[PDB]
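Single chain ahead, written as structure tokens, the form deposited in one PDB entry.
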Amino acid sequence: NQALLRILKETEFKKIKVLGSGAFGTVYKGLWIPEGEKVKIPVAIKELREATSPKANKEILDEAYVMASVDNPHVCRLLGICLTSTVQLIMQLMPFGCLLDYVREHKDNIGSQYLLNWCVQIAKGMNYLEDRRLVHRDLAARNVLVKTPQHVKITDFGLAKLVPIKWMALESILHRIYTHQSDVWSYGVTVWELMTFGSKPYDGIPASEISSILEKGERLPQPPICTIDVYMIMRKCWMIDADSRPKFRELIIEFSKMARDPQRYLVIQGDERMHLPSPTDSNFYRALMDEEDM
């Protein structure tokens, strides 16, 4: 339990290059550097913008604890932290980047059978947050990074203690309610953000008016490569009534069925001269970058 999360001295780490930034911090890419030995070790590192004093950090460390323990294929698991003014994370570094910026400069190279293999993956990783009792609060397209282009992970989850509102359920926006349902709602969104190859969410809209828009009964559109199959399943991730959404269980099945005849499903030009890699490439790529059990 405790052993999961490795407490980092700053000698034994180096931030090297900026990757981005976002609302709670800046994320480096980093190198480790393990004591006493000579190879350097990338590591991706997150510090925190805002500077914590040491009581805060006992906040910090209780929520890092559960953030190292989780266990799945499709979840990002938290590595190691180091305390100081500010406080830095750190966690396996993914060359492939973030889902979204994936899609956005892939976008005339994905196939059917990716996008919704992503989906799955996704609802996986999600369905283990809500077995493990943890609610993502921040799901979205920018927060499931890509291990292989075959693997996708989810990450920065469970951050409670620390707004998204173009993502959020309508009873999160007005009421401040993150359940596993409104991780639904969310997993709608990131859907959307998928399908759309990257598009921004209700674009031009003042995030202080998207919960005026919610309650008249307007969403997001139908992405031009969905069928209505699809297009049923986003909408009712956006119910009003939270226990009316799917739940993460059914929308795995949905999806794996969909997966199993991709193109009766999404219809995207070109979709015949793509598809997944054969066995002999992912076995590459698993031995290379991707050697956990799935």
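For the two forms, the rigid core is made up of the largest set of C-alpha atoms that agree within 1.5 Å on superposition. Residue numbers count along the first chain shown, from 1. First, how it differs from the form deposited in another entry.
- Aligning the rigid core between these two forms and inspecting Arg249, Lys29, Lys58, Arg260, the C-alpha positions shift by 2 Å or more at one residue, which is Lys58.
- Core-superposed comparison between these two forms: CA of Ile228 displaced by less than 2 Å.
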Given for the second form:
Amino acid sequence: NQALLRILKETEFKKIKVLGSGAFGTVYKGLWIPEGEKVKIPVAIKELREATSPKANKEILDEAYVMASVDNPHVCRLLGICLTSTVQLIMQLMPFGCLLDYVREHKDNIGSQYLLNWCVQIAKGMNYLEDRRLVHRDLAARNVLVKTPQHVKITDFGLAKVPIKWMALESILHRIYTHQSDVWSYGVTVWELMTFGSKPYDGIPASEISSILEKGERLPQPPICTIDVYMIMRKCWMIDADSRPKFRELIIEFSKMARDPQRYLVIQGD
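Please show me the structure of the same protein in the form deposited in another entry, now that we have looked at it in the form deposited in one PDB entry.
So it's only the chain below, everything else dropped.
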């Protein structure tokens, strides 16, 4: 369905402010001003580094069509693309930033129902990706964006088509990426939220992660988590990928807990 993806001319968007930058490229805050209309749309613009892959513009556009077909309230949808020497991707601006920064900045004013609702919404978005037979490969708290405080969206997937501390052991050892390896990354993401933005395996070099996982060590239990919540996180980190919970089960379990949030999370002033 080609109509779902707007082909943009360079004059229809302008870069205002830099939001993030790295080896992939740079994400700008900007405005989309379609020529015919009289509107200025807040957007995020990710410009990819030139000459990173041999894929021509024709093959890139076909992959972009898939990203534009993602229709789920908890997964970011590709709004437009600009194909010059560099590939530029346009999506809606998420004004509150990424969820990792949000929980760090508001760690004193976040209650149990907020945290459990985020866990539900992230599981809903990942379950949709699994329904579309799409593997994310880089699920993390930094890759969950906050549209409003109680509406989050998963971002930065399909860009892949090394985050060792978020990867399932089979991804580190065998480069295997499935929906069940996404579940491992979901467990680490939930761990980031329950610790209000702590770094996983803090103080341990990335090159040592596989050995400690093979020795049976895992991320420690967050203090606010009751045993019911931690055991769900621990099951996401089982060696047997098919023994890990499914995203559809995680939706049900975290939805049930969200009905009685103070029973499952113990938070000061909650």
